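Trainee: Here is what each chain is made of, one letter per residue.
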Amino acid sequence: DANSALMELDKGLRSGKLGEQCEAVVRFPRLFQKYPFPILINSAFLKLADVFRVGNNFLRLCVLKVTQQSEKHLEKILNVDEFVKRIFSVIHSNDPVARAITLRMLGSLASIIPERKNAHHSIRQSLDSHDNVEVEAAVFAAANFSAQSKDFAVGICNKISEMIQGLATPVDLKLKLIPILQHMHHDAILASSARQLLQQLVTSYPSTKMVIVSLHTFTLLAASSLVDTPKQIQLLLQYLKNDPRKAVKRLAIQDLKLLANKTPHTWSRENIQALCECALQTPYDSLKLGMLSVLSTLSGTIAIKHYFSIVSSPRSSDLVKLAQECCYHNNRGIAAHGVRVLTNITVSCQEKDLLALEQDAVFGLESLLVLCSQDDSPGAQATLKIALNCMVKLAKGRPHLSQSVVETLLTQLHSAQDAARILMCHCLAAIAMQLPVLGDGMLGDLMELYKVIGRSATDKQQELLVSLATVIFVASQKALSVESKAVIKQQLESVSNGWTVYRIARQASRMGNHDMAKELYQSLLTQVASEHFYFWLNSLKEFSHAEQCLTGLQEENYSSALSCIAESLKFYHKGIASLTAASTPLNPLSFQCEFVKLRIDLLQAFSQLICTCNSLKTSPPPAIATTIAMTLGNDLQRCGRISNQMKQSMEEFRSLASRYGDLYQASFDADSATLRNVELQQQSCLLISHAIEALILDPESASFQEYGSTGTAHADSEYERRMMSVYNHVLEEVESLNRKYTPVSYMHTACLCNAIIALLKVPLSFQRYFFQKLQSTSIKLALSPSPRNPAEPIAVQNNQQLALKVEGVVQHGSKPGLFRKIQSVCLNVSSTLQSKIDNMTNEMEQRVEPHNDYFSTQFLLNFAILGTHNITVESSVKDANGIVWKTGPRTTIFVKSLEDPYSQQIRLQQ
Amino acid sequence: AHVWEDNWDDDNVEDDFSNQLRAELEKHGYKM
Amino acid sequence: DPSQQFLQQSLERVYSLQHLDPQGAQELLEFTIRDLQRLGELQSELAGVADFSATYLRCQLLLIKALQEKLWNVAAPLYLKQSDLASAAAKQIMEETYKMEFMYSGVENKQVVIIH
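Residue numbers (the working numbering), protein chains in the order written: chain A, 11 to 920; chain B, 21 to 52; chain C, 8 to 123.
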C-alpha cells in the first residue's frame, strides 16, 4: 500500500501538467509522516532530486518547500552523494531564480551535508555575485551552513569582514549580512575576532538601523559563546547610559532582560550599581519600567546575594533608594516592579536593618492593592496578579507578617469592586492554606461579603462564588456552623449553576466539610442525568456522610467510637458498591476504588484493634495462668491470646502499609499534594504497626527512641501538619511508656486507644487525583512473539532457545511533563510453569531507555520442560530522579513446549 | 506564574470525565 | 587565556559563595555545572579539566540534595519507601568518585586525597 502510493505519486510526477506535478510533489510530506520506512524515504528523495534537476522552476519551489517542511526525516537518507550531485548539478544554470532556489535547498540540506567543500565554494561565490535574489538566498544558505559547521564559519567571517569594510552593496544588504555572526560560537578565537569586528561595526556605522541588529547579533553571540559576558554587559550599560536614542535604549532593555534570564550568576555588583544609577538618572517612565523589570528578574535570581555580599551599608546601597522611590512612584507598572524588588530582597536577604524595608514594602503593597482594586484595566489586573505573587512569596518565605497582610487583604475585600475579589480570594486562600489562624480569626467578614455577593455581581458570579466558598471552607476548617451553611445554601438555591455548586462541593470534599458536601451531593444526586454520573455522585455522597459520622466523635469513649466506626463503615460499604457501579471500561476509577478500599480496610483494622483492646480484659491472663504457670510463662512473659491477636493485628497492619506503598507506586500520576497525602496514610498505618510492635511486643528488643528531627513546619497542608502533630504526640507517649509496665498492657491499651481516637479525630482530605486527573501517561507494551491470536500456546522445540521481541510505545493525554517526565523503562520478564521452583529461574530485567517514544528489546528464554509455561512482563517505568513506579499492562503469553521425536527416542534408548 | 498553584478551579486544566459532566450539568443549570 | 581565566573566576565564585542558603547553593551549583559543561564542549584543551571540575560540582550538589531531603524532617522510625534519593545519591556519588579517580589521566595526590 505504501509502495502503491509511492508509484502512483511517481505517475503524478510523470504526468504532463505541472499542476499535477505540483500536486504529487506537495503530497510527499504526508507520505513521509505516514510511512517512516527508510528505503521508501530514500527512493522518494531520489525522485525529488530528479524532478528538481528537470522541473519548470515552480516545481522547484514546491520541492524546496517540501524539504523545508519534512526536514526531520532527512537523517535517514542513504544515497547522499547522488542526491547532492543532482541538487548541486542544477546550480550551474544561468537563471538567477533557479540559482537562488537551489541555494535555499542547500541551506535546507545543511542537516545532512555540512562538510561539502564545493557547496561551501558555490555559496561563497554567489555571496558576491550581483543578482539580488540570489544574493539574499546565498545569505540564507550561509546562515544555515555557519550554524552546522565551523571551517565554513571562519571562511565566512573573513569574507564578511572583507565585504563590510569593502563598502560595496547598500545598507539593506548589510542588514541581511550581519546576522551570520550569531553562529560564531564554535571557538573562542573566532568569537574574539568577530567581537572586534562588531565593535568596529558599531563605531563605524552610528545609525539606529545598523546598531539595533549589530547589538542583537553581538548579544546572541556572547550568550551562546559565554566567554565575554562581562564585556557584553558593560558595553550594553555604556550604550544604555550614553546613547540618546530611545529605541536603542529599549533594545538595551529587551537584551538585558535576555541576559538576566539566561545567566544570572554572571551579573556583578558594579553592573547592578551602574544599572541602578541609570534607572535613577532616566527621565522616561517607560525606560524606567524596563530597567525595573530587569532589576526584578535579577532580584528574583541569586544575584541579590552577590550585591549584598560583604567582602557600605545596605541602606547606603543605591538599590534600596531606587526600589523605594519607584515602589511609591505614581505609575502603576513602576510601582508593581518596585514592590516585586522589595518582596524579592526581603525574602532573600536577612540583615538587621531590613525590618524598615519590610514595613515599607507591606505598606506600599496595600497601596498597590487599592490602586489595582479600583483601577479595573487589563494591565491593572496583570499588576494585581504580580502583587499577589508578591503576597504568596512574602508570606511563605517570612511567616512574621502574615496576620497583617491577611487583615489588609480583608480590608480590600471590603473595599473592592467585584473583579479583583476572585484573585485576592485565591491569594488569601493560599495564605490561610499555609497558616490556619487567618480564617477563624475573621470568620465574619467573609460571610458578609458572601451575603452581599448576590446583588453585588452579575458577570462572574459563578467564579467568585466558587472562590469565596473555597475560602469559607478553609476558614471553617473546623465544624461548620449550621446557620452559615444555611445562608450558603440560600444563596446557592437563589442563583447558581449545577456545575458551580458541584465545584463548591468538591472544594468541601477537599478541605473536609463533609456535612455540607453531603448536602450538595444529595442535591446533585437528585438531579443528574446519566448513569455512571449518578453512581459517582452517589458514592461521593456516601463517603461524605460516613465522614460526617466519623467527625461526630467524642474523646475517650471507646464504645461510642466503635459505634461511629461501624456506622461510617456501613456507609463506605454503600459508597464503594456505588463506586463499582460507576466504574466503566472507559475512564476506569482504579485509583479511587483502590484508595477508598484501603481506607475501608484501615478502619476495619482500627475497629478490630479497639475490639481486641476492649477484650484485653476477657480473662486472657487467666487463661494463661490456667494453661501454664504465671511465673516464668511458657508461651510468653505474661502470655495471652490477646497477645496472639496483637501479633495478628501487627502483621495485618504491615500488610496494609505494603498495600498503600503498592497503591502509591502504581498511581505515579498524581501531583505532589496527592502523593504526599497517600504517604501520610501509609505513615499512619506504619505508626500503628510500630506502636503495637514496640509496646505490646518486646520493648527491650525494640529499644527505639525517635532521636531525629521532627515537628518542622515545612509541610504543604494544615491537614498534613495535624497528622504530623498527632504522630509526634504518639511517639512521645510511647517513648514515655516504653519501659514502665510489664507485658500485661495495663495502660498500653489506653495509649493505643488514644492514638486511634486522635487519628480518627483528624478527619480526611479527599484529593485531586481522587478527583480530576492529569498527565495520563501509558505504555502500550505490545510483545511480538509468534502471534497467538487465540489463547493457543506457542510451540518451541525446547532444544535451542526462544526470542521475544517486546515493544513499547508511550502515550500522553496532554503535556507529558506536568509533574514527572519518563526517563527509562525497566522491563521485567519471568516464566512460570503453567502445568503444576515455579520456573522462577529466568528472572530477567532490562533497562531500555526510550530515545523516542517507541522502543523495542529482544529477550531470550531458555527452558527444557515438557509442560506449558506462562511468561510475564512488567513495564517498571523509572522517572528522571529515579523511582520504581510500578505501572504498565503486565501482560502474559502462553508458551507450549514439545520435543524432537528423535530426541525422545534417544532418551527412551537411554 | 498563577496566583495559586493547587487550583482545582480552572477551565482548561480539567479532564474529559467531568468535562462530560460539565456539559450535562451546565445544560441542567439549577439546584433545588 | 580568557577561557582559563573564566574557569578560574567561576570556580572561585562558587568557593566564595559557599556560605549561603541550601536552595541558592542548589541553583548556583546547577548553573555552574551546565556552564562548565558548555565550556568543555566549547574548547578542547580545557575540556578535561572543565569536565573534571564539573563532575566534582555534580558530586557536591548530589550530596547537598541528599542532605536537604525531607527524610530528616520526617521522624526517625518511619522511613517509608522510595524517598531514598539519599541512597541513590550515595551510590551515584561513590561511582562518580571512582570515575573521577581512575578514568582521568593527570591526577596528583592533593586531588587524590580530596577524592578520598
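No lab work stands behind these hints: they were computed from the structure.
A portion of the hints provided could be inaccurate.
[As the list claims (entries may be wrong)] In silico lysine-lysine, DSS-like type, Cα no more than 30 Å apart, as pairs:
no., chain 1, residue 1, chain 2, residue 2
1, A, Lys896, C, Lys117
2, B, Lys47, A, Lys584
3, A, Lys657, C, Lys72
4, C, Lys72, A, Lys888
5, A, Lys406, C, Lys72
6, A, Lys44, A, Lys815
7, A, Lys57, A, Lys86
8, C, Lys88, A, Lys831
9, A, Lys896, A, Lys86
10, C, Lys77, A, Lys896
11, C, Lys72, A, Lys272
12, A, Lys825, A, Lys846
13, A, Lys906, A, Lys831
14, B, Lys51, A, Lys825
15, A, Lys825, C, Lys72
16, A, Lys403, C, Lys77
17, A, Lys219, A, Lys331
18, A, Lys44, A, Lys127
19, A, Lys21, A, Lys82
20, C, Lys98, C, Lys88
21, A, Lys825, C, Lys117
22, A, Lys470, A, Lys395
23, A, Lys470, A, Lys580
[What the hints assert, rightly or not] Derived, one-sided and incomplete: chain A residues facing chain B with beta-carbon distance under 8 Å:
no., residue
24, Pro240
25, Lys395
26, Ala439
27, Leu502
28, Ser504
29, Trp509
30, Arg513
31, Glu541
32, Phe543
33, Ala683
34, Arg778
35, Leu784
36, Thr901
[What the hints assert, rightly or not] To spell it out: a stretch of chain C is covered by chain A in this simulated footprint if at least three of its residues, at any positions, have a beta carbon under 8 Å from a beta carbon of chain A; those stretches are:
no., region
37, 56–64
38, 101–107
Yeah, the Cβ is synthetic: ideal placement off N, Cα and C, and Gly gets one too.
Trainee: Looking at the structure, which of the earlier hints fail to hold?
Mentor: 1, 3, 9, 12, 13, 14, 17, 18, 21, 23, 24, 28, 31, 36, 37 and 38
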